[PDB]
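Undergrad: Read off the chains here:
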Amino acid sequence: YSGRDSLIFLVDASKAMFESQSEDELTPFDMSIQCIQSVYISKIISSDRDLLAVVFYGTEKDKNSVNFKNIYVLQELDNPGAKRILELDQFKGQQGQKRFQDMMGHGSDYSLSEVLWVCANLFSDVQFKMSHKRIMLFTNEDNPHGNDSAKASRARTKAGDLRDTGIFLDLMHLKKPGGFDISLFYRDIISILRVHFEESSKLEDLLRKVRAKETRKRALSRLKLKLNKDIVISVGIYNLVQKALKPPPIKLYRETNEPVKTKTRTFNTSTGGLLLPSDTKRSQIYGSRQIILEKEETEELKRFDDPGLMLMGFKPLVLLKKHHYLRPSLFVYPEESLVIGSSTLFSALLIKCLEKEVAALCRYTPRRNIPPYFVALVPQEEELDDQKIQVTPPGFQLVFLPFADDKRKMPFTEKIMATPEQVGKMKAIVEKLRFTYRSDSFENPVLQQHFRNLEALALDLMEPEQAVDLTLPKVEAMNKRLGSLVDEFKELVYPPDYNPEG
Amino acid sequence: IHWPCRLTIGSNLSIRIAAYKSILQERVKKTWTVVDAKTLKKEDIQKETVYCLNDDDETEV
Amino acid sequence: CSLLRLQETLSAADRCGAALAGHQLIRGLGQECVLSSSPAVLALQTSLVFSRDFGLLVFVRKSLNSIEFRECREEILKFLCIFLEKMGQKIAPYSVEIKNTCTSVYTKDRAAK
DNA sequence: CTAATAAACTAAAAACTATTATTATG
DNA sequence: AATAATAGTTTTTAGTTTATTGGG
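These protein sequence lines are chains A, B and C, in that order.
Reading the first sequence from the start, the letters are residues 32 to 223, 229 to 538 in the UniProt record's numbering.
Position in the second sequence counted from 1, then plus 244, gives you the UniProt record's numbering.
Position in the third sequence counted from 1, then plus 9, gives you the UniProt record's numbering.
Be aware that a few hints might be false.
Here are the simulated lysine-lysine pairs, DSSO-like style, with alpha carbons at most 30 Å apart [to be verified]:
1. B:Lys265 with A:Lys351
2. C:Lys117 with A:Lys114
3. A:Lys249 with A:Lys74
If you're looking for bench data, these hints aren't it; they were derived computationally from the structure.
Let's have the full structure, built from the sequences with the hints guiding it.
TA: This is how it looks when you write it as structure tokens:
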């Protein structure tokens, strides 16, 4: 396990946040408003476990423990609930910022030392293992505290000490008809050119709601590969891919929203009283006899080998069939806790099986109560991207092998050739329809619709966000890039009067 | 059992198919029927699910 | 007395469901644990009546899986267990009433937790 | 002259951190 | 007067429910 992420949000309450070079573009206040709403939704979808806070300065009315004037905190470090979303959407919109100005202050002097103090205290209040210290300001001018040299000096001293304590502040470029220049009051008070007249600080992705979910460095299972009977290797087995789905129905009372205790009970038909575990026998009536058995030996038949791996041998990869595929491939990483020195061994065996292209066929048992299956181990090497960041981890891609009874029969099919002109026709078709693959561009539109529906009903929207069905081809460009190829291939193969159906 | 269907090519081509599952992990044909231990009968084994509020002495729902 | 005034302060502080409430409640519970553990016979009866009142109060009021009530409830349970270690049969009036109170403690949210 | 079959549906068991009584010493 | 199993969180998951075809 590793610590959490602390995301600190802090916007100015002044006229600069409420104004634009073109008021059609949403003012810095409201722009920060959709940013925080979007990141809240993204965190809810992805990492709805860390803590998020909202605080203001510049507002002439303040509310904080330190009683720093013009420093008003709104929400403590909190997981974003629908309450926070709705209480921030009221001020969302150019009309909402007027409501803000009315019921909330806007425009007054303040010191960066004050906000640094209050945010340091708020971070001091948390009681969780922590890894990320992220503070995201919201302002469209660097000078206002460089104007007061003493204020600038004490603010930068406080910020430097905080970043020594790991408190990591990120600058947000914000639109300003006068500019939001850097290297004037910035690049010397932020830990990490253009006057940043625009507001480009990856705000596009901050508005890009993410429909993703993954756990925080969670170990799946660590096993110990016995070589023959005594020499054992500690291995970490993990996945870079794992099926995701909508959260299961969280049962709750229709009159209290309280999860009703769902307790099941088998009971005697003779009496109605509860059936003890002794009262129940396992039965499978084969033929005319009812074979009576129990659970312990049932799982002792389900289980056959210890949690671990039993090596079978080495074999060139050519000895596997492409249609042979039992269950989706996993990754294996060296583990140096139960068996130390297996990293040198892992590197040696990795290189050696790379040389001879010999896969490691192995009898594999993940845990108890599970049969030992047979798995193919292929060296999955480290692949470095442009920035030399490993996009493919070094280790073994573990591939799983079915059994004889685990393969259904295929009725004999005719292999009737096609003329080379037809082959070239579809070659042209596919070359027109050619593109690259990337799994981050593919999703389940049903799942995306589920997510958007759940949000918009929790967001109380009049209409759900519409999932994009990327699992359907674009018929316009389709027929554009086919043209006469389709019916040409038809007349080459199919009779014009005979459709493939009927 | 095959999959009698039609693969479709965009909006101007479609051909019928008879799909087959070559690799298909075999399952258990019969589950362990929970019979009685006194009469060896599922019929003596009757079960129910009781939705009752987890508080207030398990208020029935 | 001191037992009564702490009973009132903890009867107040649980007005809000929050971490500070649980902190104060469990701190006062520890204070009374080390206080009334002293062998008394005059403050013992005062402790008896305040314990009855506030045990009913926490059973019907804390009564929640929220840790600001759960930790205080379990501290109360530990303190009363170590208290029955030394009280004799003085529970004779409290016997059946607290038996019912405790089994209802279980059948309520404590079953859920 | 009725019939498998994934699929979504539960359970359901196991691995994943993760503190926390516990002698040994006095 | 100290250390050491140790239950409390996620993660699939094998049976279960729907029905939908495929016969009969």
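Undergrad: Determine for every hint whether it applies to the structure shown.
TA: Evaluated hints:
1. B:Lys265 with A:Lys351: Holds, at about 27 Å.
2. C:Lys117 with A:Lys114: Distance ~29 Å between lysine 117 (chain C) and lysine 114 (chain A) Cα, so the pair holds.
3. A:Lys249 with A:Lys74: holds, 9 Å
Violation of the numbered hints given earlier is absent; every hint is satisfied by the structure.
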